[PDB]
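Asks: The chain contents come next:
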Amino acid sequence: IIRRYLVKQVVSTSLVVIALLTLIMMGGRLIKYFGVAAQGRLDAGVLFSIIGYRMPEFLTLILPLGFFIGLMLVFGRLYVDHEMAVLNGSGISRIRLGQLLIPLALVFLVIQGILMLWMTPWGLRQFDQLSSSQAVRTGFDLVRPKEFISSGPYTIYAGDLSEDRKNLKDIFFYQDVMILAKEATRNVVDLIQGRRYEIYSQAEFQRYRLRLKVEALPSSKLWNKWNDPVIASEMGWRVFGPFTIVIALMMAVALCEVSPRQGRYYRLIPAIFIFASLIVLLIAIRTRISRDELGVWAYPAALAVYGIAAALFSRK
Amino acid sequence: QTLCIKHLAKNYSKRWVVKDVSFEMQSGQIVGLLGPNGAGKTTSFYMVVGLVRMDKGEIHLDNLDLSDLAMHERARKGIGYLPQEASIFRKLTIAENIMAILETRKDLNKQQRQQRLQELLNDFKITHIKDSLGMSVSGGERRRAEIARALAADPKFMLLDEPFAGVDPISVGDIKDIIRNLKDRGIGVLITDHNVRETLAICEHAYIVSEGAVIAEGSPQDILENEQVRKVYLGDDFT
Amino acid sequence: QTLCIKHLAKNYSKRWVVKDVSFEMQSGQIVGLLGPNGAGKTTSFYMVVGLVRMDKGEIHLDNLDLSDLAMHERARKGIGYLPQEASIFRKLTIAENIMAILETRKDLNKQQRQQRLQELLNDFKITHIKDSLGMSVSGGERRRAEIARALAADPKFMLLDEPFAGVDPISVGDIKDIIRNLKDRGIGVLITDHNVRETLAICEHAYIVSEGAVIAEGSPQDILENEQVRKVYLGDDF
Amino acid sequence: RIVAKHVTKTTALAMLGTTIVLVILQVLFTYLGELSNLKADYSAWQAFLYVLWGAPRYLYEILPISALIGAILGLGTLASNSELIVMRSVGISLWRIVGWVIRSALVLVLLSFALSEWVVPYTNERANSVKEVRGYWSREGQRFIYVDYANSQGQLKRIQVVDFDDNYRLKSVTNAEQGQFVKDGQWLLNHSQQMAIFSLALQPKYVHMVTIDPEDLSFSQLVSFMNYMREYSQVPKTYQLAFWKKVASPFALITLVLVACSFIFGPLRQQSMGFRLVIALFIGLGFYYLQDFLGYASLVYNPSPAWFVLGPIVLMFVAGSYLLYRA
Ligand SMILES: CCCCCCCCCCCC(=O)O[C@@H](CCCCCCCCC)CC(=O)O[C@@H]1[C@@H](NC(=O)C[C@H](CCCCCCC)OC(=O)C[C@H](O)CCCCCCCCC)[C@H](OC[C@H]2O[C@H](OP(=O)(O)O)[C@H](NC(=O)C[C@@H](CCCCCC)OC(=O)CCCCCC)[C@@H](OC(=O)C[C@H](O)CCCCC)[C@@H]2O)O[C@H](CO[C@]2(C(=O)O)C[C@@H](O[C@]3(C(=O)O)C[C@@H](O)[C@@H](O)[C@@H]([C@H](O)CO)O3)[C@@H](O[C@]3(C(=O)O)C[C@@H](O[C@@H]4O[C@H](C(=O)O)[C@@H](O)[C@H](O)[C@H]4NC(C)=O)[C@@H](O)[C@@H]([C@H](O)CO)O3)[C@@H]([C@H](O)CO)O2)[C@H]1OP(=O)(O)O
Ligand SMILES: CN1C(=O)[C@H](CCCCN)NC(=O)[C@H](CCCN)NCc2cccnc2Sc2c(Cl)ccc(-c3ccc(N)nc3)c2CNC(=O)[C@@H]1Cc1c[nH]c2ccccc12
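Chains as they are written, first to last, in the UniProt record's numbering: chain A, 2 to 176, 185 to 195, 204 to 216, 223 to 235, 247 to 350; chain B, 10 to 248; chain C, 10 to 247; chain D, 5 to 135, 145 to 210, 226 to 355.
For the record, the hints were derived by calculation from the structure and aren't laboratory data. Do not take every clue at face value.
What the hints assert, rightly or not - Listed next, with one range per pair, are the computed distances between beta-carbon atoms:
#1 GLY46/A / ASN41/D: 44 to 54 Å
#2 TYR21/C / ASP183/B: 44 to 54 Å
#3 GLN296/A / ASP116/B: 18 to 28 Å
#4 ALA210/C / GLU94/B: 46 to 56 Å
#5 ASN41/D / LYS350/A: 55 to 65 Å
#6 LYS33/A / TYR21/C: 42 to 52 Å
#7 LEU29/D / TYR21/C: 34 to 44 Å
#8 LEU29/D / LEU16/A: 33 to 43 Å
#9 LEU16/A / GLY339/D: 52 to 62 Å
#10 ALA226/A / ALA44/D: 49 to 59 Å
#11 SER22/B / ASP29/C: 25 to 35 Å
Unchecked claim - Straight-line distance between alpha carbons at most 30 Å, and here's what the computed DSSO-like set of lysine-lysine pairs gives:
#12 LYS43/D / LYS247/A
#13 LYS9/D / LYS86/C
#14 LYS9/D / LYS147/A
#15 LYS240/B / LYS86/C
#16 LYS184/D / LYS33/A
#17 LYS100/C / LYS185/C
#18 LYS170/A / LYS135/D
The beta-carbon is built from N, C-alpha and C at its ideal position, and this holds for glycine as well.
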């Protein structure tokens, strides 16, 4: 009954923290993408697809961090409202409570394995294809109101633009062909009340039509080829990465002892920084393996170093 | 069983809060660890519990050393702790509150565990509210449920922190009856409390801790008649 | 001066913790707002102080309504508050603690402000720690400094929250003497505390509140010989 | 005065400590990102110098959230010690304490002004160097000027000016190979190939401001350049957004400090210090996201950026005032 209680508490608060961190860490990147779209370098109607295809990639960091914070929130709550004094006072240690959550940690580890081995590579593949599709936009796609945008041999000025990137006003286009149009709607673009000049040919017209990665490879293709340092780094990251939920279990147990006056959220920031240090080491090691300087053996050791150091801290 | 604690000492920010605090408490005996506030009674009580690590001294329970053991290990050895604040599991039912600690007992099966749950609910008159959450009960009912859970942990020495804290005079008698019931169950009780008057009414052996050391010992009558305690703690006029 | 309080009522989580709590006070009089814990004595006291907003009721101070006024406005009207917890300025010295509130007074200039500071320090025997920080003094010394700081504002009614909290029986007499001195200074005192036994020894008028309403009124002797109060609060034996 | 000095000093110390902590934590977190951009000519020391030279910009972008978190922490330290309660109990209003905290935050406001006017524009140039416009296209009324090379000292290379009338018909297409600037409204030049079917409003002083993004321009430079363009041309919407974002930065800081004070006196009363810090971080992230998103939306929606910039500030000020009114 203690195990079901702890599992329910951790699942609820960890889902809350995972949703909140997903919102915080995807809204910022979506705002950056929206700024890019407002600058005309990205379709505003596709940025939601961009952030939806990077759902797994962000979740592979939110899940280890969300679980870590949820574990901290539960254990800190137990300490603050004296539910840990009676649990320790009944013969159930904090380490025993952490071990009671091993099945839940294994469930989240299976989930993160699903994300990092299948879901994240697929999301990265789709996002790379979409970005390649959106990296070729040029011409009136990139125009901004009251500004001159230069793309290749094209120079474009628009005096006005609608909320969507259509229905341009006061359009000046330079190649040499120079076209000044009163209106333009969108590369296939219909210009209205325009003049075309060649620098010397002149043509007025009422209307005119102008016509100017390893991270995403499937795990099936990366299971072999461990000799390649880049492939080895990526595949070891995909294999030894989901084991950050086991290190987020035995370390959140170690760094959760807070006094009732100290607060439930007091120790979050230092231990969140410790987990961030673990992940930063796991990324520097990944890069070093990608450069053929360290070898895959550093993936488990970097965990074990944090696995042991946390465990010792839990048994001091 | 006799829990004997010798030469407790502890320092905090280069200040010796507790200096040479020693006392003995037998099973089935109510012992009151009292004294002036901040003079080392609370710290000594916590080091007996295990909340704060000792800096000097030893604890034995029939020549079984508990000095190096952690708080949960002492609890497995037969020491229960009752915090002053609301320590009930807020989102767990009172019956579930007692049962969750009952399931920890390795000497009981489900058939016996359910019977123990039923009789513990019956003895503390919490059977009528056995289906309600721990956070949605009265203060007296909550404390009764906490004590029932602590007994479900099967302790040999119950260490109570401020049992008469925020307690009406009408409920002081009920808490006295509860503590007497724990005494009659063969479980020694070590009470620490700011309310010395009512604590001295049921404890049969009181240890006064002042300036970090034990200055008095014996029955509450001796404590009241002790000139040193009246000079430092109780005052010339006290009843 | 008189402080009349009528029909206090406040609800939390859609349940009325306080229902029609009313009492009267006079300057230079000690009144104890007692009762079972959680039955509305704390909430009523806080509404009198101003910490908790007043849903229903009228507070008058010498035919001057304070019900609509905020905490600071009531404080300027002549109401001081003494919190149970440590409320001294940690990084300010005791002399600075008292002078900080003395400077708030508008009818004192610096020449008499210094004299008032000195006599307040000498009154509570805290002159020896006037140069020490407020966070490095004993509990009794800190409480005396807080009382002197509160009186530096010259209140007409001092509202004490559990003065006998964490107080040894040897030092209960000191708190009683301090409260008697506060009474003798022409300032009424309203004490709220869970330690009814020594609260009824200095309070010359006690109001018992139970179930959110005032159930008894009169001197502590009348409070003790009240059938309802012994039925709910003090018990048969007391 | 003693109460005012105590509150102001404590809150200023909290703001300065939070400022130093956040600046250090952003320098050592941008260095991590920059360490992946190393190459033959960009060593680790070069990356560290580039990050350190950008420290004034990080400080300028941190000062709002730094002031918010500092006010939260300082007022939480006072409240958890029951100092604000006795301050109210002696006759000091909530608005007086808020005014003291705003006086404390005026130091950070002055620091922000000094950084934006004197420090950030210079260190940003130094940072870019550690890591004057070519192909400049401009419009002056009905004329379009494309200068292939423009120099701050008054050099023009391969200029092409095309004139137009109200009917949008070619009038003159003049070209030159080299040209110099002598006075406003006239530029000397050689190889004057003027077509037919001189005076130009470009000024060297603003030439270096074309490549710089509107957000990175100092307020004085932004106002001068924006004034020049409004006189000879039409100011872009992104420039207006940058101007309204810079002119409302001290107001945003003061409003965020007031919101922190209202939270301390309101919802965040009796809460733990860790919870107060977490809520302060959430409010800072929410502010830094709302301001960025609404700045981006001002560039895509019809309403002027003044609305999108002064909306959050006014609304947060009103919310803080209402929370303070509830005491
Ligand atoms: C089991 C394993 C589990 C773990 C698994 C792994 C981890 C998960 C994996 C999941 C996947 C993932 O990653 O998920 C995210 C990350 C997850 C977290 C990290 C891992 C943590 C692991 C441990 C836990 C996403 C990500 O990483 O997105 C990148 C993005 N990063 C960020 O946004 C980081 C920050 C913060 C992240 C912090 C960590 C969160 C998690 C704990 O937000 C977020 O995460 C979002 C969200 O809010 C987070 C929430 C925070 C709170 C969470 C709390 C949780 C509970 C505790 C990037 O942003 C650019 C910059 O943005 C801000 O600075 P700014 O505003 O000044 O500009 C950022 N500062 C700020 O916000 C201010 C912050 C600082 C941070 C504080 C953190 C505190 C914790 O303090 C404050 O707030 C104050 C308060 C707080 C104080 C501190 C407490 C800068 O931060 C940093 O430095 C920090 C580092 O990152 C390290 C992070 C911390 C590590 C410990 C940032 O670097 O942009 C990138 C794209 O970049 C490009 C692109 O490639 O397309 C390029 C880029 O160009 C530049 C550049 O400017 O950077 C310059 C260029 O010279 C070159 O050097 C070039 C480059 O170097 C090499 O190429 O970089 C820019 O491009 C253009 C432009 O036109 O503009 C042209 C440029 O020129 C052209 O460039 C071309 C090219 O090179 O391509 C080249 O070809 C051309 O020729 C060239 N032409 C010319 C002419 O030159 C140039 O003009 C440039 C211009 O100057 C303007 O920038 O612009 C850009 C464009 O802007 C996009 O719109 O585009 C994104 O990548 P993308 O998503 O993949 O895409
Ligand atoms: C260059 N990297 C990337 O690709 C990622 C994007 C990752 C998802 C891509 N879809 N870009 C970024 O840096 C963007 C800002 C600029 C964007 N252009 N945000 C920052 C970021 C995000 C995610 C992870 N770390 C980081 S910052 C980082 C950290 Cl926390 C710790 C160490 C190092 C590092 C490594 C080696 C070395 N000598 N010094 C430093 C870095 C530097 N960064 C890197 O090493 C990583 C390495 C990497 C490659 N694949 C990964 C998959 C998961 C995690 C990491 C990686």
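Asks: If a hint holds in the structure, say so; if it does not, say that too.
Replies: These are the hints, each one checked on the structure:
The hinted range of 44 to 54 Å is not satisfied by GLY46/A and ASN41/D, whose Cβ atoms lie roughly 32 Å apart. Between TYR21/C and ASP183/B the C-beta distance comes to about 26 Å, which lies outside the given range of 44 to 54 Å. In this structure the supplied range 18 to 28 Å is violated for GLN296/A paired with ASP116/B, their Cβ-Cβ distance being about 37 Å. The supplied range of 46 to 56 Å is broken by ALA210/C and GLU94/B, whose beta-carbon atoms lie about 29 Å from each other.
Range check, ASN41/D to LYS350/A: Cβ separation about 41 Å, and the 55 to 65 Å hint is violated. For the hinted restraint 42 to 52 Å between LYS33/A and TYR21/C, the CB-CB distance of approximately 44 Å keeps it satisfied. For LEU29/D and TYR21/C, the Cβ-Cβ distance of about 40 Å falls inside the hinted range of 34 to 44 Å, so the restraint holds. About 28 Å separates the C-beta atoms of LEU29/D and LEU16/A, a value inconsistent with the hinted range of 33 to 43 Å.
Our hint of 52 to 62 Å for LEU16/A and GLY339/D is violated, since their Cβ atoms are close to 33 Å apart. For the pair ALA226/A and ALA44/D, the supplied restraint of 49 to 59 Å holds, since their beta-carbon distance comes to about 52 Å. One distance hint, 25 to 35 Å for the beta-carbon pair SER22/B and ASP29/C, is violated here, with the actual separation near 50 Å. Distance restraint check for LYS43/D and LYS247/A: the Cα-Cα separation of roughly 21 Å lies within the 30 Å cut-off, and the hinted pair is therefore satisfied.
Taking the CA atoms of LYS9/D and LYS86/C, the gap is about 25 Å. The hint holds against a cut of 30 Å. Note on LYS9/D and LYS147/A: the hinted pairing is violated, with a Cα-Cα distance of about 51 Å set against a maximum of 30 Å. Taken as a hint, the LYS240/B and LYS86/C pair is broken in the structure, with Cα atoms around 43 Å apart against an allowance of 30 Å. Taking the CA atoms of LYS184/D and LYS33/A, the gap is about 43 Å. The hint is violated against a cut of 30 Å.
Only pairs whose Cα atoms come within 30 Å are accepted, and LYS100/C paired with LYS185/C is accepted, the gap being roughly 29 Å. Our distance criterion of 30 Å between C-alpha atoms is broken by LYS170/A and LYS135/D, whose separation comes to about 39 Å.
Violated hints for the displayed structure, listed by number in ascending order: 1, 2, 3, 4, 5, 8, 9, 11, 14, 15, 16, 18.
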